[PDB]
Amino acid sequence: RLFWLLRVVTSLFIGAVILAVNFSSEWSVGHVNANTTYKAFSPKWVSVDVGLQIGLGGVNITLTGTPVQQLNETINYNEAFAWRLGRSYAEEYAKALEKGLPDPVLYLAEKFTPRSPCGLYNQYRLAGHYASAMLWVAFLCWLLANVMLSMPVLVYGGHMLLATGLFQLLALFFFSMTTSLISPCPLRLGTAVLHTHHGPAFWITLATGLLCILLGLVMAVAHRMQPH
Amino acid sequence: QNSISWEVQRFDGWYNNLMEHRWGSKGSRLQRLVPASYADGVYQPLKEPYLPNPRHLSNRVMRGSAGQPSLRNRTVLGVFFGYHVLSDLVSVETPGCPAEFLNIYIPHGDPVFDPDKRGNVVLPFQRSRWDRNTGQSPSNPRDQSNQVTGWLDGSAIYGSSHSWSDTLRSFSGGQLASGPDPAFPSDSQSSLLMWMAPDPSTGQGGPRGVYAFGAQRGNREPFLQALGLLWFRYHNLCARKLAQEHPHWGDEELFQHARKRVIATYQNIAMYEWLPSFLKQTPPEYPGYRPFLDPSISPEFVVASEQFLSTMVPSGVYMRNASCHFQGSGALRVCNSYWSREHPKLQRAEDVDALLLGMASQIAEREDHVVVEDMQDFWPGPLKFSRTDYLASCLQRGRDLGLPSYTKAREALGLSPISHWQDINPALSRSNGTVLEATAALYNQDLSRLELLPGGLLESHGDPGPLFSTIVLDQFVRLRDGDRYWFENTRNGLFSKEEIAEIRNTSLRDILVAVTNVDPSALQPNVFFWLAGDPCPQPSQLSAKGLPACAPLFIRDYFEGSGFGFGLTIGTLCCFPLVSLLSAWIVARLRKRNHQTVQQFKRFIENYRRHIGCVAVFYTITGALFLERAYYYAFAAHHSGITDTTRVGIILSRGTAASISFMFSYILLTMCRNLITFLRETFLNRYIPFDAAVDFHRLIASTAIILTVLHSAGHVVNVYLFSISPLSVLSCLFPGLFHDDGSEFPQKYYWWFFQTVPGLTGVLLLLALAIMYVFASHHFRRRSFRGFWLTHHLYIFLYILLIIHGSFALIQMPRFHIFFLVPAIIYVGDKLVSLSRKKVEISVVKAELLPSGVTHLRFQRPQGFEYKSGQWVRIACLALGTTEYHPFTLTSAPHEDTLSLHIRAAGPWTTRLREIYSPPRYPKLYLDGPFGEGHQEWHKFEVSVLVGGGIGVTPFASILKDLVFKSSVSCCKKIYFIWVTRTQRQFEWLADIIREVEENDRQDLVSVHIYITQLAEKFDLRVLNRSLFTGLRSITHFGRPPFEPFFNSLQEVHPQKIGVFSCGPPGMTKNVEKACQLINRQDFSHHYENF
Ligand SMILES: *[C@@H]1O[C@H](CO)[C@@H](O[C@@H]2O[C@H](CO)[C@@H](O[C@@H]3O[C@H](CO[C@H]4O[C@H](CO)[C@@H](O)[C@H](O[C@H]5O[C@H](CO)[C@@H](O)[C@H](O)[C@@H]5O)[C@@H]4O)[C@@H](O)[C@H](O)[C@@H]3O)[C@H](O)[C@H]2NC(C)=O)[C@H](O)[C@H]1NC(C)=O
Ligand SMILES: Cc1cc2nc3c(=O)[nH]c(=O)nc-3n(C[C@H](O)[C@H](O)[C@H](O)COP(=O)(O)OP(=O)(O)OC[C@H]3O[C@@H](n4cnc5c(N)ncnc54)[C@H](O)[C@@H]3O)c2cc1C
Ligand code: HEB
Ligand code: HEB
Ligand SMILES: CCCCCCCCCCCC(=O)OC[C@H](COP(=O)(O)OCC[N+](C)(C)C)OC(=O)CCCCCCCCCCC
Ligand SMILES: *[C@@H]1O[C@H](CO)[C@@H](O)[C@H](O)[C@H]1NC(C)=O
Ligand SMILES: *[C@@H]1O[C@H](CO)[C@@H](O)[C@H](O)[C@H]1NC(C)=O
Ligand SMILES: *[C@@H]1O[C@H](CO)[C@@H](O)[C@H](O)[C@H]1NC(C)=O
Ligand SMILES: *[C@@H]1O[C@H](CO)[C@@H](O)[C@H](O)[C@H]1NC(C)=O
Ligand SMILES: [Ca+2]
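The listed protein sequences derive, respectively, from chains B and A.
The opening position of the first sequence corresponds to residue 50 in the deposited numbering, with each subsequent residue numbered one higher.
Per the deposited numbering, the second sequence runs over residues 22 to 349, 358 to 623, 1028 to 1353, 1360 to 1410, 1414 to 1464, 1478 to 1511, 1514 to 1540, 1544 to 1551.
Read the hints as simulated data drawn from the structure, not as lab findings.
Some chain A residues close to chain B (C-beta under 10 Å, calculated; not the full set):
no., residue
1, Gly180
2, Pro1168
3, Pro1247
Yeah, the Cβ is synthetic: ideal placement off N, Cα and C, and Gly gets one too.
Just chain B, same shape as in the assembly:
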């Protein structure tokens, strides 16, 4: 039975990775440890580590200090600003600007607002909307390929296993057109820069898509040359 367990666990991993990647905010990940101003009404500079995470539906600015007790305080922030078709980014930024978040968090939150010189809103709101529907299509295809892993002829299941990885790669391609404009947009925090590059949830999807394409090609070759 050692083969059937693997044949089930592989499909389970594919489905779980589609579901997890479609909701994980680690597509583009940047990080830096700089000296920045803390907040208003205080000339005191703190030493923190600022990093953002773009996840097809919003960002996560995380400003935490090198120590977690800097100025009779404790600095561990993790705020989210969502631009997906449900919520609004402008209202979230305008409601966070009243609460008095630390200055670099508001800085990095401003960059993605609508009608900003950099313009990182109308190219991210479309990527996180197309590369996120081409991960639901690549899940419907996975369900159908699992249903065709039974009494129905298995060559159609193999074709749908091709389609799963094909749609995964077609989704991963749409989050590649959002690197030509995030690189020009400067993110100079104090005296340090904050570079963003494709994160884990962009490589794991590539690996899963390649695995699905290879499995499909092998199934096609097998059922075309040796019906075993």
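Dock chain A with the ligands against chain B, hints included.
Only chain A with the ligands this time, still in chain B's reference frame:
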């Protein structure tokens, strides 16, 4: 952690005062000295039936010569430094929008904007931004909002946000981003940031030559550019001076150390050198920081400073160098220089070096009502025109913002009130006072109607009038007594106690001498005044005599060259069916290469009580889904944004976009064969007819295409009306897709069609439909079953383009998946159930050709094949055509070896099948097993009465043969077979099956009766106790089946409840049930059947 030992000043203006943060920020709302004076009281402005026509008030008073000197000798550098300060403070000019206009009606015969006496010509004008939380009731009327930090914090040099001060910075030391010339900012990042309007004198409107400044519109003249450049170069100079005494400072400890010094010098100048000259009285003093004074910019301040400064802007400005040479006629005019891209004179640093020294030595115009032509008749128009009246737009804006009258706003400021017109300006009434009467005749001699601007311009004799002066003064005192970062405040720790006594001693000459690198004796100590001893005497007052002429008006015409292209694109959109029809003709030709009418209507309504119900319910559902969105987009008008531009082109689209998203989605419940095969045997076939699925399928496909043609002919009109609307309306209809800079030129039609996801996917869908519908018609399905079956699989492409199509936020949210989830699920399930089982391949044994169309096929019985009497199968011949399956009712008993199928000729596939097997039996078929419950319910009654009629008598041959076999062999009693018909035309094989049945029935278990039911319109159709014609002993009565007397007398011939199973048309299937019920109140299941 570094050398920045203070609080870095925010760019957006927030968090400036402790208690309330919002006060001076990027989007605060303007307070009011006097409550709103709107028409109703909420948001409607006064108009022309109440107050005079703007263009008619801007010709009677504010028009005159352009050769009058100022009274205080105010040089023309102060006139253009005020335009910079008041761009630092307030900006209420950007049109905010749920797109709403109030236009300027030009009178008849205006020598400029209406020279051909051409009746009425309109001059557009759009309302400015407003606060979304205000404008709902007379308790909080509409309040505008300024788009620049309301503090004097150099928000015109460094931009008014943090994502704006980063694009115009270089991070090379502390230096704003220069260009190829170290004294000119970068024209490269000029596109996303700045305001780019077309030069009205030439027409060019590109981002090449538009510098990058802090004010969004600092290029409105080469004379505001010439001060933006001064402050830019001064910042660079002081920062590269800092970088040479503290070399170990980064690229931030230099920017934030030059920024505060530039800001402090700017504040010192704009407060203690410009203001004591604009209004000729020094500000009182600096008391300590007052954390409670409300520093909010009011509209009355806008009108009192920014729109009053225009009374002394001259016609042309000089240009001199450091030794009084006024050539470089030699004075560039103003009406041609608006939004100048690349001026031939001002191309190098030594040209602005000269423009500034020429502005600092020219005496501006006089401060009175008279405004020059270069703004009154030649101000760059915002839309639809080239030129536009300035003052006739300042009046429309003073009416838009809800400014008070001139007496209300004068008695609400503590000033003494005026009684009549003759005492508005007691000095103007002593010499040429005809202007006071000429403006009185405009208001019907009603003094308490004067707008804020005309009154103030009429009152200002040599200085700003007693009204504007107090507004400007108290506003500029609340702007420093409520500013925390005011350089003189010794509590924010910005400056030391001495570094203030060196910023309070920095005039504007000590900046021109520093930047322009000139000697200190080439200018005067007070740049804002020329007082008869200062160097470079002005040659002569610059009238408009000896200057170039002003470029004339030209109306901008959207949709100008792209009319033939639009027509041709629509024509090609129309000839999708024609190209597909010609291609289909080619494919076919090359595949060849190898009082009784009331009774008729009663019979109609009797047979079709089940088709009308379904058709009416489906069409009612579709009509409801249409009217919902139609009534919505007609009488809701969410934000009234798009409902005002396109009224019909959006209803005709949003209704037929919800109707077709339902039709194209529920057209799949028809071709789910394995569900109908089950349902048609339940109690449902008495309500909805399942044997008309395919007819219903063709009927739902023929309606969706009409609705789609409407849905496309609506969006053609939408795309046309979206190709002539200004950018300042498309930036409000479709935010995120458009952005409102001054270009005002929207995308062409082909951008809408072939460069947008909905448009391109819609063109592809039109092509796919024009292929599928034409190739799947009757004339291209009878001619070839392979063209049909090949093209018709495009519905997958169709259903991918339909999910890609609405996936965009133009008008609403996508809604197709809601309609498409369940039907696609059911269809794919019943397609998997079809693909699961196997299709055996049988060989025809003997298929002889019977007359009248029926074809008695015979073929062997596979080993794993067992069926009950009455179950149908599905066959597909591959000798011609495709894998098209067709159902057929078995007409053979289960006990005999090979099973048969009598196939009646009923169309293309069946005529082909008859043509193939003509004159045999060679080819093969694809059997698909039995299909049905196969009820044997007549084996539990003592007697049964089968009543089959019309087409539904096909499944009775096998039933009769099986009954007689089980009767004779197995050793139920007296089962009757009353079969009624109309003609007995195609069911002649049954007339011989009945003979072969009666011959094999020795126990007399089957009795048969026939009824013909025709009236004299017949062919006439038609010994040993039989009939010589057919040879069967069963009287075939030519009347009409008597049911009630039959079952009535049946109870007498034998005392036995007996089944009344019946199949056929509803007109008989219900009549037999009625006849059964008419006797049940006595000593009769009447159980329907459907095989
Ligand atoms: C992306 O961001 C979202 C939103 O944050 C994440 O979703 C939230 O996840 C947390 C995880 O526990 C859930 O639980 C909440 O956690 C809150 C953490 O509190 C921090 O932030 C507060 C305000 O943002 C802040 O006040 C607080 O202390 C700070 O302020 C004090 C007073 O000013 C000061 O004295 C302190 O020194 C300190 O500076 C923390 O910094 C917690 O406050 C809540 O009570 C709650 O338990 C949230 O519920 C989640 N959000 C929602 C809407 O449910 C998401 O996980 C992020 N993405 C990823 C991948 O992690
Ligand atoms: C002896 C005999 C027994 C039959 N028994 C049955 C039966 O038990 N159950 C049954 O449903 N049909 C039955 N049929 C109908 C049979 O499908 C038609 O005779 C045949 O489909 C004609 O095909 P065509 O190429 O002429 O189609 P067309 O002339 O295009 O079709 C004419 C009519 O046939 C119907 N039709 C077409 N294709 C199908 C299909 N795949 N399934 C159902 N209806 C279709 C259409 O709705 C239309 O009203 C029987 C026909 C014959 C001749
Ligand atoms: C939407 C989509 C669609 C459309 C539009 C259409 C349109 C149409 N159509 Fe259809 N169909 C269809 C979808 C469709 N369709 C389907 C899905 C089917 C089935 C297929 C299978 O089953 O495979 C059909 C099928 C079909 C058929 C056959 C069936 C059998 O045989 O079984 C026919 C005849 C038809 C016709 C038609 C016509 C005539 C038209 C036009 C008018 N179609
Ligand atoms: C199929 C058929 C069809 C066709 C052919 C078309 C064609 C078309 N189209 Fe259409 N549409 C449609 C179907 C259609 N369509 C639909 C169904 C819709 C809806 C979607 C949803 O609802 O989601 C639309 C929608 C739509 C829209 C909206 C979008 C959104 O909302 O998102 C638009 C704009 C359009 C356009 C168009 C055009 C331009 C065309 C061409 C001309 N469209
Ligand atoms: C989930 C699977 C569902 C399958 C489909 C079930 C429902 C099918 C119903 C449609 C069938 C069909 O339109 O057929 C088309 C039919 C032809 O019918 P036929 O087959 O020749 O009749 C067989 C006849 N016998 C049974 C006697 C043999 O012409 C008609 O209708 C004529 C009636 C027109 C009704 C007009 C209604 C007006 C509404 C006005 C609204 C404002
Ligand atoms: C941040 O500040 C600490 C404080 O001492 C300093 O040691 C460190 O060098 C600074 N880092 C940078 C990158 O300026
Ligand atoms: C100023 O302009 C005059 C006029 O052409 C020219 O001769 C002189 O060289 C210029 N520069 C000076 C005086 O520095
Ligand atoms: C300081 O005093 C006055 C104030 O403007 C000024 O005229 C004088 O030149 C200044 N002294 C300098 C700059 O040495
Ligand atoms: C204004 O400038 C002119 C130019 O010559 C001069 O004659 C006049 O005296 C100046 N005004 C005053 C008040 O000095
Ligand atoms: Ca400002």
